[PDB]
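I have a structure I would like to understand better, so I am pasting it below and will then ask my questions one at a time.
Rest of the complex left out; these chains stay put.
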Amino acid sequence: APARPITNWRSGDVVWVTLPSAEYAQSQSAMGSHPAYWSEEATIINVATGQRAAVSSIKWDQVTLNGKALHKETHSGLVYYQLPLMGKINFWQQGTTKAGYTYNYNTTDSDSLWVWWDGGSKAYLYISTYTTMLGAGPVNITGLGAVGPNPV
Amino acid sequence: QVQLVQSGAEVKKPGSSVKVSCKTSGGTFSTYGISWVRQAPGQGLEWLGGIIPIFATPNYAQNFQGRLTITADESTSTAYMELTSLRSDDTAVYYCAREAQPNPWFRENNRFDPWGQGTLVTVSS
Amino acid sequence: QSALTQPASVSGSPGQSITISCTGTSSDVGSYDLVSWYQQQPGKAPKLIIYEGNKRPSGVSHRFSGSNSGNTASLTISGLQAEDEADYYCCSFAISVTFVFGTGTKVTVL
């Protein structure tokens, strides 16, 4: 049977994100001027289905969650796409027990995956972070999360 | 053989709300799904909504969005549906059914192998 | 969302074969190789006869066969008998996380 494409997402899906050479950003507009780790050649995997793709290779205006398009936020002329999560995003340094933490480590708020797309073949994947606990970069980071409900 | 047992039939006045429970005996919810289907007298089957208990993120049909709520309990293997603002055309036999697909993902490949006995709700006076 | 169109009335003589179609529109009805079929005799709860295109559950009579051709899923019953005089429905998954039931077909014996 044909596999479910990585473009189509459902609530409760387990997401696996690779962030090769991730760099540190002091303030990200999509996360309310908060630190983030971002990669230029990130890879997204649906763990249950096994499907995969490079973030730059996905047409992000066609990605649907529960049959509905992802939420869009235009910040300073840059269009960002949101993938909500149930819970926080769990990310760590590749191949090491060293494990990072997000900005809202104290709070009870869930996390989200943010993608910047230029409409072509250039996409940036952002994950929330508090400080440079995994280094200033470049650093290979693997993140895990569970897809949340559609924003209301 | 797992069994799905629903609550008894109810009669409600128009504008009220009803809650039908589905009991799972011979097992647990595990990672399966629960769907609610109603059949008005003399008409066909209409899918109301469904849930995967481990995901606990219910999704409903367009006609019942903002009017139907579906919840599942893991401590007691009971699935619930709640329809508010009842009208005369809500009179139907409501069925609890199990989505016989072991993987919560791959939910497109699915079937309703066991069906509940059916609860008849009458909305009149 | 538009429901699945079914041939409301289908009839056949005892012994022949009949085919019930299930036609939909849009990609929001999913692939037709994964359409399930249910049978509802008068006064009883619906029961599954064909699922996953052409897979039969345990205890289902081997006279029920399911096909798939483009945007139409077909259920075929061979050797019509008095116990096949019931109502049959097709169901499928949607791009939105929902299930759509067919309009329903009544089988009659001439």
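Think of it as A, B and C in the order they're written, each chain with its own count starting at 1.
Note that in this section contacts are C-beta pairs under 8 Å (C-beta built on N, C-alpha and C of every residue); 3 or more make two chains touch, one makes a residue touch a chain.
Enquirer: Having one representative of every chain kind in view, what are the subunit counts of the entire complex?
Expert: Counting every chain in the file, the stoichiometry comes out as A x2, B x2, C x2.
Simple rule for what comes next: only the chains that are shown with their structure count from here on.
Enquirer: Comparing A-B against B-C, which pair counts more contacting C-beta pairs?
Expert: Between A-B and B-C, contacts are more numerous in B-C.
Enquirer: Once you find the CA centre of chain B and the CA centre of chain C, what distance in Å lies between them?
Expert: From the centre of chain B to the centre of chain C is 22 Å.
Enquirer: When the centre of a chain is set as the mean of its C-alpha atoms, what distance in Å lies between chain A and chain B?
Expert: 35
Enquirer: Which chain B residues reach two or more other chains?
Expert: Within chain B, residues 59, 107-109 contact more than one other chain.
Enquirer: In chain C, what residues contact two or more other chains?
Expert: Residues 31, 34, 96-97.
Enquirer: Sort out for me which residues of chain B touch chain C in the complex.
Expert: 35, 37, 44-47, 49-50, 59-62, 95, 100, 107-113, 115-118
Enquirer: Give every residue of chain A touching chain C within the complex, in rising order.
Expert: 1-2, 8, 10-11, 64, 66-68
Enquirer: Would you mind writing out the residues of chain A in touch with chain B in their complex?
Expert: Residue positions touching the partner: 1, 4, 10-13, 48-49, 66, 149.
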